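This is what each chain is made of:
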Amino acid sequence: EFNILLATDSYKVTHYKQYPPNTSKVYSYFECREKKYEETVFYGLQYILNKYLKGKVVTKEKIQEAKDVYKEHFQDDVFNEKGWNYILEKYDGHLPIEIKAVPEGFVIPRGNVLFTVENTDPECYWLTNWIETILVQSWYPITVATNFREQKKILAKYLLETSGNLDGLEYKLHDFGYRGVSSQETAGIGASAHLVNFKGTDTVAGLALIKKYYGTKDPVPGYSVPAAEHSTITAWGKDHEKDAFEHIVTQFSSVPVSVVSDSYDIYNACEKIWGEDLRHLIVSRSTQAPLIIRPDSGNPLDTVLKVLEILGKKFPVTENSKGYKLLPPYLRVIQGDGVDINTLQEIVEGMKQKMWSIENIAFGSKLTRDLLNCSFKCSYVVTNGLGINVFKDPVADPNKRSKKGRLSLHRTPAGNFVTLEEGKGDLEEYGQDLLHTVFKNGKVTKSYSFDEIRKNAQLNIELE
Amino acid sequence: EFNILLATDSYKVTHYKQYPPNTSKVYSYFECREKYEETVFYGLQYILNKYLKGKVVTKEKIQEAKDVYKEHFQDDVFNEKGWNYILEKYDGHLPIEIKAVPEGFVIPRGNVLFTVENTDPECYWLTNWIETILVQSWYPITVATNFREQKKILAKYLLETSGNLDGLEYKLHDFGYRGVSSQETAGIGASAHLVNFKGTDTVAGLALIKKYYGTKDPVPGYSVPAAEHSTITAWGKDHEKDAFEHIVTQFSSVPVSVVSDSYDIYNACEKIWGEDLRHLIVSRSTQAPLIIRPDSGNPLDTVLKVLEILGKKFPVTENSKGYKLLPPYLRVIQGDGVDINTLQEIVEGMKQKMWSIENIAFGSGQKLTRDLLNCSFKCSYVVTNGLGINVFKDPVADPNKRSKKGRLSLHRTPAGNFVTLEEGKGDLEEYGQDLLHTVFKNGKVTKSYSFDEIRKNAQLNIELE
Ligand SMILES: O=C(NCc1ccc(S(=O)(=O)c2cc(F)cc(F)c2)cc1)c1ccc2nccn2c1
Ligand SMILES: O=C(NCc1ccc(S(=O)(=O)c2cc(F)cc(F)c2)cc1)c1ccc2nccn2c1
Numbered sequence: 008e009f010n011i012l013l014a015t016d017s018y019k020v021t022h023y024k025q026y027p028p029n030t031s032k033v034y035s036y037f038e039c040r041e042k053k054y055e056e057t058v059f060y061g062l063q064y065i066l067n068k069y070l071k072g073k074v075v076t077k078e079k080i081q082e083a084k085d086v087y088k089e090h091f092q093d094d095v096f097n098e099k100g101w102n103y104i105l106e107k108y109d110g111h112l113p114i115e116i117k118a119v120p121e122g123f124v125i126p127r128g129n130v131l132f133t134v135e136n137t138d139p140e141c142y143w144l145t146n147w148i149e150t151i152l153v154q155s156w157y158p159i160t161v162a163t164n165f166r167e168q169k170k171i172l173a174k175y176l177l178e179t180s181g182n183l184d185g186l187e188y189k190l191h192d193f194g195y196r197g198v199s200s201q202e203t204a205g206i207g208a209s210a211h212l213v214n215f216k217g218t219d220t221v222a223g224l225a226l227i228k229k230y231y232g233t234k235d236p237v238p239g240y241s242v243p244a245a246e247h248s249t250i251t252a253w254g255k256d257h258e259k260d261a262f263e264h265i266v267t268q269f270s271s272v273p274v275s276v277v278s279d280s281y282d283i284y285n286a287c288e289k290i291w292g293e294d295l296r297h298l299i300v301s302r303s304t305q306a307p308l309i310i311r312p313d314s315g316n317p318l319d320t321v322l323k324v325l326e327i328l329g330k331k332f333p334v335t336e337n338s339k340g341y342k343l344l345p346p347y348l349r350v351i352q353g354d355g356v357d358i359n360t361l362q363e364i365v366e367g368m369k370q371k372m373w374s375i376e377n378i379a380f381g382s389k390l391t392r393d394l395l396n397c398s399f400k401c402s403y404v405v406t407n408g409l410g411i412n413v414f415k416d417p418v419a420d421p422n423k424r425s426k427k428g429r430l431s432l433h434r435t436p437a438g439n440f441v442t443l444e445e446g447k448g449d450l451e452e453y454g455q456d457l458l459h460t461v462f463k464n465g466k467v468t469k470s471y472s473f474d475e476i477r478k479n480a481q482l483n484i485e486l487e
Numbered sequence: 008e009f010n011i012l013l014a015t016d017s018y019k020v021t022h023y024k025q026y027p028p029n030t031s032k033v034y035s036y037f038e039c040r041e042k054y055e056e057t058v059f060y061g062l063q064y065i066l067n068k069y070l071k072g073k074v075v076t077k078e079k080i081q082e083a084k085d086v087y088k089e090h091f092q093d094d095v096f097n098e099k100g101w102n103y104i105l106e107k108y109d110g111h112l113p114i115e116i117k118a119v120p121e122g123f124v125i126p127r128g129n130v131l132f133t134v135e136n137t138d139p140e141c142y143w144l145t146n147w148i149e150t151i152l153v154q155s156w157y158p159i160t161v162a163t164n165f166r167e168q169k170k171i172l173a174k175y176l177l178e179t180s181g182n183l184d185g186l187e188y189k190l191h192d193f194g195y196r197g198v199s200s201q202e203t204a205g206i207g208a209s210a211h212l213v214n215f216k217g218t219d220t221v222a223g224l225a226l227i228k229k230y231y232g233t234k235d236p237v238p239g240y241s242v243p244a245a246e247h248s249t250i251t252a253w254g255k256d257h258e259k260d261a262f263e264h265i266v267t268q269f270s271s272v273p274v275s276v277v278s279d280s281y282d283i284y285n286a287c288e289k290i291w292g293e294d295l296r297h298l299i300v301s302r303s304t305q306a307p308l309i310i311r312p313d314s315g316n317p318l319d320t321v322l323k324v325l326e327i328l329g330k331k332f333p334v335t336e337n338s339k340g341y342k343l344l345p346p347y348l349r350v351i352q353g354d355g356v357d358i359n360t361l362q363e364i365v366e367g368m369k370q371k372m373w374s375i376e377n378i379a380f381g382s383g388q389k390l391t392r393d394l395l396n397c398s399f400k401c402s403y404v405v406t407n408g409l410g411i412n413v414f415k416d417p418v419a420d421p422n423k424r425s426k427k428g429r430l431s432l433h434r435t436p437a438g439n440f441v442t443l444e445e446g447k448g449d450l451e452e453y454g455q456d457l458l459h460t461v462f463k464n465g466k467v468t469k470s471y472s473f474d475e476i477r478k479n480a481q482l483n484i485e486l487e
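In order, the protein sequence lines correspond to chains B and A. Going by the authors' numbering, the letters in the first sequence line up with residues 8 to 42, 53 to 382, 389 to 487, in that order. Going by the authors' numbering, the letters in the second sequence line up with residues 8 to 42, 54 to 383, 388 to 487, in that order.
Just so you know, these hints were derived from the structure itself, not from any lab. Backbone N, C-alpha and C fix where the C-beta goes; we use that ideal spot for every residue, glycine too. Each hint should be verified, as a subset may be incorrect.
What the hints assert, rightly or not - Computed footprint of chain A on chain B, listed as stretches where at least three residues anywhere in the stretch have a Cβ under 8 Å from a Cβ of chain A:
#1 187-196
#2 238-245
#3 301-308
#4 312-326
#5 389-401
#6 458-465
#7 470-483
What the hints assert, rightly or not - Cross-link-like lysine-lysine pairs, in silico, BS3-like; alpha carbons within 25 Å at most:
#8 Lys-229(A) with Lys-88(B)
#9 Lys-84(A) with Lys-229(B)
#10 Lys-216(A) with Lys-84(B)
#11 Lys-77(B) with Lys-229(A)
#12 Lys-32(B) with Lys-84(A)
#13 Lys-174(B) with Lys-342(B)
#14 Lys-369(B) with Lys-174(B)
#15 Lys-234(A) with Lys-79(B)
#16 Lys-228(B) with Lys-88(A)
#17 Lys-259(A) with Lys-24(B)
#18 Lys-342(A) with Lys-174(A)
#19 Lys-423(B) with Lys-32(A)
#20 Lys-32(A) with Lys-107(A)
#21 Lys-88(B) with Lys-228(A)
#22 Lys-24(A) with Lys-68(A)
#23 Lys-331(A) with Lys-389(A)
#24 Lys-84(B) with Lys-371(A)
#25 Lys-369(B) with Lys-330(B)
#26 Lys-77(A) with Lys-88(A)
#27 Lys-107(B) with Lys-71(B)
#28 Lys-88(A) with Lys-234(B)
#29 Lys-99(A) with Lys-24(A)
#30 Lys-32(B) with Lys-255(A)
#31 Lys-255(B) with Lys-447(A)
#32 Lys-174(B) with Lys-323(B)
#33 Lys-229(B) with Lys-77(A)
#34 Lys-259(B) with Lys-427(A)
#35 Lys-255(B) with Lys-32(A)
#36 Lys-79(B) with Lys-466(B)
#37 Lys-68(B) with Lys-371(A)
#38 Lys-79(B) with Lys-255(A)
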């Protein structure tokens, strides 16, 4: 079972002894520090609060466990047993902490306060930064949500240009990343952040996370359809790729189905197998049950263009109202090899240059904490009853300078966001603080449904 | 609770309908595909124990999956019968056999590392159902490998500048807890780092190792007290010296690291440590050094400038190799921007400036991906209508993605290297014993390794010498 006393950087175990004597408050904040990616989607704190921070997170057994582990880990007695026992005894193991945050799904420019943390009991001055490590992992859902939103902007631009509308945009970037992430827990979190932006996923772990921690009106937040993998083709033997294809499309004759076609020769598969031998099985399919051909190797742009060129000569192509070529409704393509934000752009731009509609294609999808510079810093403390504004400001890197004092987030006269420092929010010159109390003394005090998060994270173009 | 029926890529739910009819066996393998020439095999045992072993199928889990997939696919495609069979016939234990190279083994790219096959003909579909969960072993493999390569660099330069490898296992400390994607990842990643080193701040790694692997020592990893920017800055911008003095006095008898770049790293080293507080430093024991931590600026330039500063404020000696060495009560740690490329740049830069690597330690925490070592799971053999056939992919535009054929086995070559035999050629017995061992069979873990054996297996040659 998870033990919050063992869920911090080791050195933080020793910090309670290092603050100035008589420190009663430590107040810290999280921002995506300013230096592409000018605005970030704030998403994922709610998961952390509920799974790890709320309720009785301290017990006698957990304190004894940490005591024993840290004795061996430090080869010495340094663990703050008394501090944790106090929280156990005084607050029945609930954390005397208050956290204020921007609403989940909000799109905010870099360099703004996203959330703040402070102790609500003077005895627990040391607790604010103990939980830095766990709260900072919010960088991941934030960065995933942000990066996927940036990809969606690109797809929307090109789909709108080549087709005149945004029909199907939310199914244009399917999550294929389950096997490529570092753990089961990460798969769930990352998939949930993808699903803020899209509705097609193969990462099943995302559905349960969303249902447990966020909630949707619909039974599930994400969908998929049947498809082959290389093993269901290659198992038939090298000479029987056609038999494989025929069997699979016949098994899934009235639902969409995607079939990886590059096991031996993508160009032959498209031109001769799909385009000639099995063509009669494809042109007979319903608009609701297209075959989606999947190339999966070679240069992604070159291969997509060649595949379209091949299919365009074997199948009846139309020209839509914007003048772009469109495959018949029972035939589409999906490319999931090598697709990052850069190549996605390259492919849609290249399709556009060859007069191919983005209607024809869908895509299948490492980010670090450094990408958006997600950082947690102490900005205000109270020692001997006097408040002081604190910050780092390293001489050799002005970009690492942190914010000073009590912080608040505000709407500007032009309707933008601004972060006020040094408690200046209290001057009431910028109206109300936009942060909301989301956690206080062991309880989640404000939360958001996945439907509302999705709404908050919409593109302007979707808002029309 | 975790549900194996919900722990696969969605499309794999539909594959049981796609294999050739009359298929009784699907046999698949994992390799770090050739295109980091040797990889540390580590982490499978965790997955086996946490997710695959025991009664992993129940009536409730089958129903939960049926319900989820009905909505997810908007269709009934889930193989309820197949899972029911496992529940009824095997008390919910997976009829799968997994054979793997021992954990810790250091194996060249392009070799079979583990194989998976169904042990019951009805469960031909199950082999690849669990590809997704097993392929996540790419992560501890790649972390263990990447840290081993950083250890090789440190070893080379420590040996060259000092004449020995003393303290090598504490030269790269794990700082990465906050920078990973999740709590679970933190434990897995820390455990892979600990295959190579002993200093860690990622506590999660210790519990994982104790639960899934085990060590003779009480814990596999260690740390010492240290400040963070907050415990310095909280004193106020005018009181950095007061913060330093308080902290080193609180930890007067144990090693302590103190981040010194809050305002001006060069002033802090030359004037605060080097003059105002020097008397509190030179009095420290060799078992309790102060470890100064810069944390900004160009990593190489900042490290050299910090050493140059300290070298003029403190008594430097020259070791038998001709390199400069700070007095034993004073050391440096660089934990900002340290990846494998910059680690190399720093130690080489230090060597050029005649500074021993004894003076410095590093902290870790671009990302490693599954593409780095090309970790991949592929079907190589099936039995259909009672006939074994060797299967594989071989995409025309990318020979690098060609996969291996048939039943596989891993062997020592006559010169002591490794070779993977394809097409069941291992059966000829021309290359001695298959090095893959059965680690999982029919819901039971059949062979396990302690963390101690793994560390021994993953040792560097320079350590062996
Ligand atoms: O094919 C796979 N999954 C199935 C799939 C099929 C089509 C589409 S689509 O976007 O064309 C589509 C989406 C949808 F929800 C409704 C549709 F009608 C059309 C998306 C997803 C697949 C492939 C490689 C892979 N690697 C790891 C996991 N992986 C899964
Ligand atoms: O200072 C930190 N942890 C403490 C620390 C102190 C010294 C050494 S050392 O390698 O000098 C050392 C190791 C050891 F085990 C025995 C020693 F005597 C000497 C390593 C680690 C720290 C700093 C930044 C950070 N970000 C996230 C987590 N973080 C932790």
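Here is what the structure says about each hint:
| no. | hint | result |
| --- | --- | --- |
| 1 | 187-196 | holds (count 3) |
| 2 | 238-245 | holds (count 7) |
| 3 | 301-308 | violated (count 0) |
| 4 | 312-326 | holds (count 5) |
| 5 | 389-401 | holds (count 7) |
| 6 | 458-465 | violated (count 0) |
| 7 | 470-483 | violated (count 0) |
| 8 | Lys-229(A) with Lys-88(B) | holds (18 Å) |
| 9 | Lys-84(A) with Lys-229(B) | holds (18 Å) |
| 10 | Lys-216(A) with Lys-84(B) | holds (20 Å) |
| 11 | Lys-77(B) with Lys-229(A) | holds (21 Å) |
| 12 | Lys-32(B) with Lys-84(A) | violated (51 Å) |
| 13 | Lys-174(B) with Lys-342(B) | holds (17 Å) |
| 14 | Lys-369(B) with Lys-174(B) | holds (11 Å) |
| 15 | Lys-234(A) with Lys-79(B) | holds (23 Å) |
| 16 | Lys-228(B) with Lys-88(A) | holds (16 Å) |
| 17 | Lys-259(A) with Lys-24(B) | holds (16 Å) |
| 18 | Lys-342(A) with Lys-174(A) | holds (17 Å) |
| 19 | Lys-423(B) with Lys-32(A) | violated (57 Å) |
| 20 | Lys-32(A) with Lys-107(A) | holds (18 Å) |
| 21 | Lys-88(B) with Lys-228(A) | holds (15 Å) |
| 22 | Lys-24(A) with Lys-68(A) | violated (29 Å) |
| 23 | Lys-331(A) with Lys-389(A) | violated (38 Å) |
| 24 | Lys-84(B) with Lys-371(A) | violated (44 Å) |
| 25 | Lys-369(B) with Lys-330(B) | holds (18 Å) |
| 26 | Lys-77(A) with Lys-88(A) | holds (17 Å) |
| 27 | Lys-107(B) with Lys-71(B) | holds (16 Å) |
| 28 | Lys-88(A) with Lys-234(B) | holds (16 Å) |
| 29 | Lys-99(A) with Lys-24(A) | holds (12 Å) |
| 30 | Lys-32(B) with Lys-255(A) | holds (17 Å) |
| 31 | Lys-255(B) with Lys-447(A) | holds (20 Å) |
| 32 | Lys-174(B) with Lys-323(B) | holds (23 Å) |
| 33 | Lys-229(B) with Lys-77(A) | holds (21 Å) |
| 34 | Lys-259(B) with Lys-427(A) | holds (20 Å) |
| 35 | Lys-255(B) with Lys-32(A) | holds (17 Å) |
| 36 | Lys-79(B) with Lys-466(B) | holds (20 Å) |
| 37 | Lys-68(B) with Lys-371(A) | violated (50 Å) |
| 38 | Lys-79(B) with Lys-255(A) | violated (37 Å) |
Against the hints set out earlier in the document, violations occur for numbers 3, 6, 7, 12, 19, 22, 23, 24, 37, 38.
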